[PDB]
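I would like the entire structure built from these sequences, with the hints used as guidance.
Protein chains: 4
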Amino acid sequence: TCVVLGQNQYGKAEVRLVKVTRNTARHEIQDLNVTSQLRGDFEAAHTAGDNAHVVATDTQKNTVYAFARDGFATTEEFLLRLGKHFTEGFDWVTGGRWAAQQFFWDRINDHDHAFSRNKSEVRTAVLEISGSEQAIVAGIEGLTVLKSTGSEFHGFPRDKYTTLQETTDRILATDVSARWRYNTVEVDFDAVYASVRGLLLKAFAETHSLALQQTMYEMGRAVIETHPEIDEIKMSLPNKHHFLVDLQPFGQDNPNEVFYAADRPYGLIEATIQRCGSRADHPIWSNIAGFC
Amino acid sequence: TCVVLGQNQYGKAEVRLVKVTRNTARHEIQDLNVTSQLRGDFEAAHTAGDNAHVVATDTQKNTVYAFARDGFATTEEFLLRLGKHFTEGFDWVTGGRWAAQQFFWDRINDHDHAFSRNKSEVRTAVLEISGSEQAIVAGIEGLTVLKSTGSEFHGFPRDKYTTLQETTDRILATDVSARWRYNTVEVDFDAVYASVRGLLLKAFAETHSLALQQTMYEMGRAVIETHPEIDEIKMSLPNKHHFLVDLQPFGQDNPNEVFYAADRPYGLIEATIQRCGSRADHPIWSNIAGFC
Amino acid sequence: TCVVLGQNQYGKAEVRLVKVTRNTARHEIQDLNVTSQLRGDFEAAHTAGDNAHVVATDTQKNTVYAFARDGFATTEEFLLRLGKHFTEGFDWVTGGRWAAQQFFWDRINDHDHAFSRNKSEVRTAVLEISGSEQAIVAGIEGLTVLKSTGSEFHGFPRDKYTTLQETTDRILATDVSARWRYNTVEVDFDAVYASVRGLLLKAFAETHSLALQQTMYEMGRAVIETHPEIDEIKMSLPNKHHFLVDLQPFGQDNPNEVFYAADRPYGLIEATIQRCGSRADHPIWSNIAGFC
Amino acid sequence: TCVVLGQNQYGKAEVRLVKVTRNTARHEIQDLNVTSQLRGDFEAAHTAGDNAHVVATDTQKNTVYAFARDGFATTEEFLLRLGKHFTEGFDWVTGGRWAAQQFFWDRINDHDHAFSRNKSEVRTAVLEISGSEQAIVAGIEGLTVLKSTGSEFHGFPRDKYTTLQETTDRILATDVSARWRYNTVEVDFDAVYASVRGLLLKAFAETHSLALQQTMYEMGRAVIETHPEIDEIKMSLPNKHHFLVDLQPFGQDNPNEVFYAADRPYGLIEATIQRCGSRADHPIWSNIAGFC
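Line by line, the protein sequences are chains A, B, C and D. In this text, residue positions in the first sequence follow the authors' numbering: the first is 11, and each later residue adds one. In this text, residue positions in the second sequence follow the authors' numbering: the first is 11, and each later residue adds one. In this text, residue positions in the third sequence follow the authors' numbering: the first is 11, and each later residue adds one. In this text, residue positions in the fourth sequence follow the authors' numbering: the first is 11, and each later residue adds one.
Check each hint, because a few of them may be wrong.
Since the list gives no way to pick out one identical chain from another, each pair is judged satisfied if it fits inside one copy or across any two copies.
To be verified - Computed cross-link-like contacts, DSBU-like style, restricted to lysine-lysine with a CA-CA straight-line distance of at most 30 angstroms: (1) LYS29 with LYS250; (2) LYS170 with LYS94; (3) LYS29 with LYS170; (4) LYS170 with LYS129; (5) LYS212 with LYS250; (6) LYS250 with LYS94; (7) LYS212 with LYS170; (8) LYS29 with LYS94.
Treat the hints as calculated values from the structure; they're not laboratory data.
Take a look at the structure:
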């Protein structure tokens with residue numbers, strides 16, 4: 011039997027970094043969960059256990075903290091520095107994947123050095139280097155939203171396994187997971203993150219939803235229309251079901267007030283909204299959620 | 011050998027409830043995770059499988075939703091109504107434990123019916139009824155806070171196993187878990203919750219910490235001194251370590267800027283702060299964290 | 011306003027320890043998650059930030075690993091050594107709480123030094139020292155069991171909020187969480203753990219269940235009747251509902267075959283089975299599930 | 011600005027299914043977590059809220075349970091039945107992705123209808139249909155393994171950020187996540203699953219590891235050489251670090267006995283092992299870990 015090494019990558023995952031900026035009395039906090047993985051010629055490491063090409067995962071971790079000493083303006087720019095370092099510093103390293111989760115902190119009553127975690131969303135960044143190409147995908151996850159009315163679902167086809175009732179008034183609730191790919195690295199990454207977040211919240215709240223597919227489409231369209239530097243945005247939105255409870259056996263009516271919030275199962279509506287004519291299949295999406 | 015049924019309680023746990031208030035166009039959301047457990051004469055249920063006294067856990071669940079239809083001003087008042095219902099409605103039920111987690115929602119851009127989850131803290135309430143006595147413990151959990159300076163740890167004894175270096179400047183980070191026992195049910199539960207939350211944050215931020223014990227003591231003291239309706243407050247604070255990274259092997263210094271945020275192990279500092287002369291060990295605390 | 015420090019304890023939680031025994035070619039693995047907390051005179055630590063009495067949590071951790079170097083026959087005996095060390099080594103330490111989770115490993119094809127995790131149960135031990143008294147509570151958690159028939163629930167009272175249908179055939183599924191208190195430290199801890207585990211599984215499987223209360227009672231009774239060294243056993247059993255799916259809308263019957271395994275809500279049935287005349291409320295149970 | 015709908019899929023995720031086989035005294039349990047997603051012409055659903063093509067996610071769920079009523083020989087054959095149903099039954103549905111997690115149960119003391127969960131591994135299956143082409147990827151996850159010796163790491167390059175010491179004796183521990191793509195569906199999926207699991211464990215245990223890359227390569231080679239029906243296998247192996255504790259400050263040596271099992275960070279070593287001449291990149295892998 012003939013065996014060959016295919017797609018592979020390796021490194022150090024979930025390096026927890028906190029960078030305190032204390033040049034003045036008003037401190038700043040940058041809180042990251044960083045993953046560094048390299049791609050290139052690692053044939054002999056796999057087939058013979060030859061580690062001559064294996065930049066140690068411990069070394070990748072050390073590089074994260076050493077680079078953090080210098081500071082970094084944004085999460086994306088920190089990842090860009092790491093990826094350029096590894097691809098330019100090792101002849102057999104031809105690319106890789108560097109990703110981070112950014113955790114937000116609010117000041118406690120605007121104190122200089124006292125903070126509380128904002129857990130209501132997590133920011134993400136994924137950078138993939140392939141030779142001279144650098145591709146950045148920023149994102150938001152864990153942002154839970156809900157409309158208590160202004161959502162309908164009707165006109166769907168019915169087969170012998172269809173029992174779902176049509177409705178013109180229902181709760182629509184989801185966890186916004188969204189990732190958007192930049193077509194350039196020359197981006198004001200923090201300002202675009204704040205803008206995209208506001209656009210997604212606005213389009214979710216203000217669209218009269220006939221389907222979560224339609225809501226998601228309007229969210230993506232609002233992003234693409236406002237940001238030339240973004241080629242496409244992907245969203246994965248669970249439909250977190252709120253079932254109207256039958257109170258009639260207890261002698262009561264339920265005028266869209268009392269709901270059971272189910273855990274599982276849940277709708278899972280996923281879509282890509284792209285600028286007309288842009289690249290259909292960027293390679294970064296192949297590993298954006300993981301290798302396997 | 012002789013065997014006997016000891017302490018027992020039973021019911022339905024984690025009933026997820028959403029109550030929408032839509033009498034006007036400005037909707038309100040109340041989002042709870044409710045547990046109902048009964049105590050009393052359940053001997054024959056255990057020793058013989060005689061279910062004559064076993065009010066069904068399904069029935070307790072149904073009662074949660076049916077009662078929710080009427081509305082409720084606060085989480086505590088809803089639990090009080092449930093506990094009164096079960097203890098007065100069944101002769102063999104002498105008490106129980108009713109608990110809820112309250113999840114907070116903010117409006118999206120002040121919209122009437124569009125909301126986003128505030129995940130940065132979870133409110134709790136536990137009500138225990140014993141005969142004619144009832145006790146309420148309110149609480150907060152999941153609130154993560156951090157001081158980037160203004161924390162010291164020195165003067166600790168040094169035994170054969172002590173290697174930690176004294177310091178006058180370190181990060182102090184914790185997850186605030188706090189539960190306080192009311193001495194009366196005549197409380198503005200929402201206003202006291204908001205007050206206690208603010209007091210805990212303020213005392214954490216403003217105390218120059220020589221020990222996490224001291225910070226916690228000042229937090230509890232601020233609560234007790236401001237709220238006559240509270241007899242005691244228990245806190246459990248992990249010390250979520252942020253280790254100063256050694257960058258000297260790389261030719262760099264680390265002036266309290268670059269930190270490794272460790273997962274485990276962690277310090278766990280726990281204390282009770284009480285009003286002088288108040289009850290020493292109320293029974294409600296014995297099962298506040300669970301039965302076993 | 012007069013404030014006083016009440017019950018308090020502090021230490022290092024979740025110290026992950028792996029002890030390899032390699033005196034011979036056949037290696038052994040002991041895999042523990044250890045928590046060490048001290049009790050005594052810590053007044054000045056809380057009220058003034060005086061750390062003269064504060065044995066550092068880092069020191070407690072170091073003590074765990076240093077003691078592990080000597081080896082230990084069982085988890086309980088390792089906790090006993092730690093607790094005796096801290097209570098005898100510091101005049102102001104009068105007691106404390108030491109706990110561990112033991113994770114089980116199986117050999118891979120009976121190899122000397124290659125193992126795979128047995129994740130189907132986690133063993134627990136909690137030791138509390140109070141002056142000269144040493145109290146040990148051993149336990150099992152995470153053991154999920156299911157009977158596909160041989161379970162009934164009928165004869166329960168019906169109020170206006172009761173809609174549950176009686177049944178003579180249903181699935182009974184639970185997560186066994188069980189903790190038993192020894193009345194002596196002179197115990198063959200591994201052999202009793204193996205016995206108790208077998209007794210609980212046997213009583214679950216072989217009891218024709220008219221109620222989860224009855225099943226739980228029989229499980230505890232088998233333990234108490236077999237083990238003179240155990241005074242009492244507490245169980246907390248979720249009723250993990252498997253709902254019989256209604257397939258009649260699709261033209262099909264469902265003869266107890268197709269089920270929906272719900273996440274929440276769930277029954278939560280909790281009880282104590284004790285040897286007649288034994289102590290009613292040992293203080294260790296007050297903190298067995300946590301401080302607050 | 012012109013906007014276009016790109017890649018999209020939708021359906022019902024995490025349908026928890028338990029199928030009891032009880033036509034005779036010896037009951038069998040099949041315990042699945044099933045996800046169904048459709049692909050095809052859903053343009054008007056997104057751009058206009060026209061649901062004429064939207065087979066309801068509730069309907070996909072109902073189909074899971076109705077089909078389960080007939081029984082199914084393996085998880086893969088159940089997914090194949092679902093995918094064939096949806097792609098043939100709706101003209102505008104051109105394909106999709108159906109996935110399942112299978113949870114294993116063991117008998118309690120060989121009882122006919124009493125079981126306990128085997129939590130030590132989770133089986134997975136993913137089926138993708140595109141037009142007339144289909145592909146099945148089976149897998150295993152959550153299987154934790156450990157070698158206490160027989161692992162080395164040396165010969166790696168040393169840059170300015172490298173501090174790791176070479177070693178010839180260390181612990182190697184990982185969580186086996188492995189997914190293999192079949193080149194035909196005419197197979198005994200249960201027998202191949204058991205075979206692959208055994209081969210992976212054996213190759214992990216018996217390879218003298220000079221690198222986790224090498225161990226992973228040998229595990230994949232062992233699978234490819236014995237299974238002509240498999241074209242390729244992907245693995246993602248964390249290096250779950252067990253650090254040799256420094257006991258020298260305590261006057262003790264540590265001859266590879268006492269280890270600290272760290273949570274994060276960890277090595278993450280990922281590779282594909284393919285049969286020579288087989289398809290280099292199969293589209294099923296682009297979404298195998300999620301959409302985004």
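Comparing the hints with the structure gives:
1. Taking CA atoms no more than 30 angstroms apart as the test, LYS29 paired with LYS250 passes between copies only; the shortest distance there is 15 angstroms, against 36 angstroms inside one copy.
2. For the identical chains of this complex, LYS170 and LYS94 are inter-copy neighbours only, at 16 angstroms across copies versus 57 angstroms inside a copy, given an alpha-carbon limit of 30 angstroms.
3. Only between protomers do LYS29 and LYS170 lie at most 30 angstroms apart by alpha-carbon distance; the minimum there is 21 angstroms, versus 58 angstroms within a single protomer.
4. Taking the shortest Cα distances, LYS170 and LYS129 never come within 30 angstroms of each other, neither inside one copy (44 angstroms) nor across copies (37 angstroms).
5. Taking identical chains as interchangeable, the C-alpha atoms of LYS212 and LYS250 lie at most 30 angstroms apart only when both belong to the same chain, with a minimum of 19 angstroms there against 36 angstroms between chains.
6. Within a single copy, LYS250 and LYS94 get their C-alpha atoms only as close as 41 angstroms, which misses the 30 angstroms cut-off; across copies the closest is 27 angstroms, which meets it.
7. Within a single copy, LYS212 and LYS170 get their C-alpha atoms no closer than 38 angstroms, and across copies no closer than 44 angstroms, so neither meets the 30 angstroms cut-off.
8. Taking the shortest Cα distances, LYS29 and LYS94 sit within 30 angstroms of each other inside one copy (21 angstroms), while across copies they are farther apart (41 angstroms).
When held up to the earlier numbered hints, the structure conflicts with 4, 7 and fits the remainder.
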